[PDB]
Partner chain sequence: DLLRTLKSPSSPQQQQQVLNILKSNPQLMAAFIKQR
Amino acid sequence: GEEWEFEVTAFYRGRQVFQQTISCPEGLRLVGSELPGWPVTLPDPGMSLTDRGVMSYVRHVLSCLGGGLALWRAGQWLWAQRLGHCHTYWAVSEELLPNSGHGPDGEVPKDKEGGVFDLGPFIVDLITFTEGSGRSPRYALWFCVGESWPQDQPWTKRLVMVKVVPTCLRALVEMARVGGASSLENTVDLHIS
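Three-dimensional structure of the chain by itself (the form solved in complex with its partner chain):
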């Protein structure tokens, strides 16, 4: 009931390979094979890829996930915890672009859970967006699994990138847009002759 519905979309090397929407009371765990949390198995890359070198490295990353990447809501926070051996870095960004321009927002911890999203400042920014701030609050979590965050490379090079959207936050931003809030930049310059 206090669960959140998450839309999970996985990409291997810039190709969408998986998408599932899960609303579990104990959150989810992104795993690499078949513990609390709903296990969401990231698919074998032989289903969707054909580059054998990339497939080998993706398979290696997935075999080191262990108990998985745990993600769940408790109160005002989304919490994340890394239960296996793949270092995982995260950022809040856009639906179709993992890069925010300011590197990763953090690394997912292993020994304890760590906060990755605070509903409090999201709601503050949602309210000021309805008031004319011109900036919609971001909600799409991106996880770079087994490699450093792609600062100096296109994200499509990364072996395993997972987007997780809490769908209720997506909906709240849409409600603000339907009500008349816009993020369109005042400096937009059309090139029409």
Second form
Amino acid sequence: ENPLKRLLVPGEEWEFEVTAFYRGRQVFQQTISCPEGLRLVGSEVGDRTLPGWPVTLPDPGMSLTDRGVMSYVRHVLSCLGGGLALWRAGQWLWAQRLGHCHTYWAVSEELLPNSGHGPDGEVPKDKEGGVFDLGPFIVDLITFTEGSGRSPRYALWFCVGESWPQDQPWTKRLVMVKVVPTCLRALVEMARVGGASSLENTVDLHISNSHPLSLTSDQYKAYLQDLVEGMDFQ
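Got the form solved in complex with its partner chain; any chance of the form solved without its partner chain too?
Here you get just the chain by itself.
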């Protein structure tokens, strides 16, 4: 059996780490698993028949310090409405905006949302939009283990209620949210440590009913290939 196939078994739940930044400062972090995915809200609640586990972005303090930009943050949060939904279906992650804040996204590095090429897209309203495909990710991960390419990116960054900060410091944006499917973070780290020699290393997939896997480098690379053979490509 291929333990990595658990990633795509129908009804499996991934863990998503949500980290929010107000003007470049981390203000919130929560890890969420839910069959419905997650939904970023300002808890100006709200509709309980909306889909997705509600993830409430914190109201900034009423402080005199930073009152200007924080009042703008509060305004953005107050206009989130139904919010920003993110969920998985098969090998794809999907997003939809359910309120009035135009939201732009990119798949980027963990520590930098805007590497210079602009957003990958705008999150649609009234229909779903694909924001991540596991297929190319695993292909690129295999290439990475073979010393033939960069580590594949998996951090979804959302710029909420403003234009994407192309050629502008991202820390000036009012509300930036990073979502990391922690299985993908784990898969990349497993590739990094495995290239170091070739004994056994442990990978934790951080998905429902998962158990930490102790694998050799050859075992790991073999499972990635078998996984990719059963996935969909254009």
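Residues that one form lacks are left out of the comparison. In this text, rigid core is short for the largest set of C-alphas that superpose within 1.5 Å between two forms. Residue numbers count along the first chain shown, from 1.
- Once the two forms are fitted on their rigid core, between these two forms the CA displacement reaches 2 Å or more only for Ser48 among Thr41, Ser48, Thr167, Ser148.
- Relative to the superposed core, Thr21 undergoes a C-alpha shift smaller than 2 Å between these two forms.
- Relative to the superposed rigid core, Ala181 undergoes a CA displacement of at least 2 Å between these two forms.
- Once the two forms are overlaid on the core, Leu96 shows a Cα shift of 1.1 Å between these two forms.
- Taking the core as the fixed frame between these two forms, we note the C-alpha of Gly134 moving 3.3 angstrom.
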